[PDB]
Amino acid sequence: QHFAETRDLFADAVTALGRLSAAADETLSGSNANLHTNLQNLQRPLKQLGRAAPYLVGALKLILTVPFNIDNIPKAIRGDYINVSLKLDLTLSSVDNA
Amino acid sequence: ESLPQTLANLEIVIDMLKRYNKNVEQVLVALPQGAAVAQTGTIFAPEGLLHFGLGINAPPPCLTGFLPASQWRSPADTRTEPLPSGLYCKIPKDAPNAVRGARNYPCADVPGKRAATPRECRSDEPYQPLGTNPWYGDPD
Amino acid sequence: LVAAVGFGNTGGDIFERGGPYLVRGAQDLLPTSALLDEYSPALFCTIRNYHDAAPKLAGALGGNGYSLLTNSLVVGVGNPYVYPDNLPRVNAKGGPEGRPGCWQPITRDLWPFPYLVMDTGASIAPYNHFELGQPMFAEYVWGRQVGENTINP
Amino acid sequence: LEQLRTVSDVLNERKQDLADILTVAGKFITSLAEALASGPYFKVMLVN
Amino acid sequence: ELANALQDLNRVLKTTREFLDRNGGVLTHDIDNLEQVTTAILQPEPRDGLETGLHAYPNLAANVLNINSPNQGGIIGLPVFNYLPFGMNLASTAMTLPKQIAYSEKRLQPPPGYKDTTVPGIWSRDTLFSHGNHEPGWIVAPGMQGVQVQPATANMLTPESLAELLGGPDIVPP
Amino acid sequence: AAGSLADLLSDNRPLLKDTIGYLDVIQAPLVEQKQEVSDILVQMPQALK
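So the sequences go chain by chain: H, R, B, L, E and U. Mapping of the first sequence onto my numbering: residues 1 to 98, in sequence order. Mapping of the second sequence onto my numbering: residues 1001 to 1140, in sequence order. Mapping of the third sequence onto my numbering: residues 2001 to 2153, in sequence order. Mapping of the fourth sequence onto my numbering: residues 3001 to 3048, in sequence order. Mapping of the fifth sequence onto my numbering: residues 4001 to 4174, in sequence order. Mapping of the sixth sequence onto my numbering: residues 5001 to 5049, in sequence order.
Derived from the structure by calculation, the hints contain no laboratory data. One thing to keep in mind: the hints can contain errors.
Here are the simulated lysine to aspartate or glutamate pairs, DMTMM-like style, with alpha carbons at most 25 Å apart [unchecked claim]:
#1 4106(E) to 4048(E)
#2 5017(U) to 2037(B)
#3 4099(E) to 80(H)
#4 75(H) to 2097(B)
#5 4115(E) to 2052(B)
#6 1022(R) to 4170(E)
#7 4014(E) to 3009(L)
#8 3043(L) to 89(H)
Computed footprint of chain B on chain E, listed as stretches where at least three residues anywhere in the stretch have a Cβ under 8 Å from a Cβ of chain B [as the list claims (entries may be wrong)]:
#9 4023-4031
#10 4157-4166
Backbone N, C-alpha and C define an ideal beta-carbon position, used for all residues, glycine too.
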């Protein structure tokens, strides 16, 4: 008698679980092996980035803009023109290498 | 309303990386050699080497597609200004000057085309130069 | 049963909206995952060397605090880039000694960085001797120049 | 998950800075890289 | 079939309850913050900025690697009506040495009797009269299709490797 | 769906474990130095302009 009272609720529960599980199954089957290959590939870069994690924050000072350092851009570059100090070295070794 | 958007945005980023895979590979190749180059050029700690090139006007720089001369600012003003967009050399690929400039950059998504920006790589309107760079002003 | 109704409906809507995105993202991540896996050894040493060169370039910028300290010795420049032969390429791959990696740190005992050539469309490998610049002279009126443009100078 | 939480917090605080980084770096990289195009060097203008 | 199913269902329900009670707030916070930052960096202007960055940075990396000269160290740059009608370039100094060049891919290393040129992968003959496109017999590295060459550099390239610069198959070095 | 989830877990449990560990070791210095990260992120756009 109780089941006959709640038959519609049981049907709704089963249909809702099925609606969830259909999409869940399609998504899990559509990415079961791509995920495994992606993880197996990315394991090595994760280990190397873990090795190089402490130096990462310091490297961000230079790893994006390599010739320049972000710390001292505002004072060296005064707008349109870059201020540079020229040491025109005419040493014998410098001319020999040049 | 967040996890679908997170996954959509991750998909967009991964798609853009996939369409530009060769560029990422080139950058990952160039970075360690850039570190070695900086290490070599910073042997003298306070001063880093920067040489000068002899020869006068071997390639003449182009003023086509850049800011007009009358719009230049004196070096006295340290005041910053909003940097414009769409500035590059606009010569019709001619002369040795600026051969590897913006206009000759390969388009990664669209094979067999070279254009400065992906907005122009994707656009099918033909790339025409703003003008040949002259020696007597009026680069327009 | 009622909690299952609610949970099933909510999860179903979530998965319907965010399943194709995850599937195609995990599909498009395979080439870049392989790319990043191939260049694993060029990561730790690269980060370490950039970290160690950050203070050395910072001292050069900040030793004065108002300009940049550089040594300028006069040198001769190579031949200007020619039109068809020197178009850009993005086919660069590999690292030193044929495999990705880093050199040992550049001390003063071993100064010069071994030059690396990659599929780019430009190089400075053959400049092992003194020769005159092939476009030695030029004119910018009628574009008539002496010398022959070359990729083998 | 907690250390990821604090990293994500400090990154969400600066998402707008990241957007500005990308916006400016996409609007000057072409003009700046234009200099090193005519040869195996970069042009410079010396106003002194 | 049913006893193990019931017991394992009970255990997984308990485990899911504990795991959710412990990690749900932080997991949701991470998802929300990730969504906000990615939506911020995928706006129209950041989108086209990232597009142009990935489109035009590797060229910058290649050119800044090409500017550096190992023999003299550091970088090289030359100073600059728009300009003078006439130009000059006296000479090109020795930037590198034969014992300093290293090859990114082992397929790029020239075989005996050949030397590299200023377009990577194109190998020329190393003779005394081989300066300024004057000694024929140039061969091309494997997998170097799609590089246009001017007629002068095409004349010395041999027909097989000249075709390879447009055709598919790669030539066989002697 | 139950079968698919069981298969995915059975295949990717060790790889997810290793990825969790490596994410931990990557993120420990990032958390310990969060102020530097925030400061450089604030600093970079003006330098870039």
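Status of each hint after checking the structure:
1. 4106(E) to 4048(E): violated, 37 Å
2. 5017(U) to 2037(B): holds, 18 Å
3. 4099(E) to 80(H): The given pair, whose Cα atoms are some 41 Å apart, is violated under the 25 Å limit.
4. 75(H) to 2097(B): violated, 40 Å
5. 4115(E) to 2052(B): Violated. Residue 4115(E) to residue 2052(B) sits at ~36 Å, over the 25 Å cutoff.
6. 1022(R) to 4170(E): holds, 21 Å
7. 4014(E) to 3009(L): violated, 31 Å
8. 3043(L) to 89(H): The hint holds at about 20 Å.
9. 4023-4031: violated (count 0)
10. 4157-4166: That given contact is violated, which follows from only 0 residues of the segment 4157-4166 of chain E lying within Cβ reach (below 8 Å) of chain B.
Consistency note: the structure conflicts with the earlier hints numbered 1, 3, 4, 5, 7, 9, 10.
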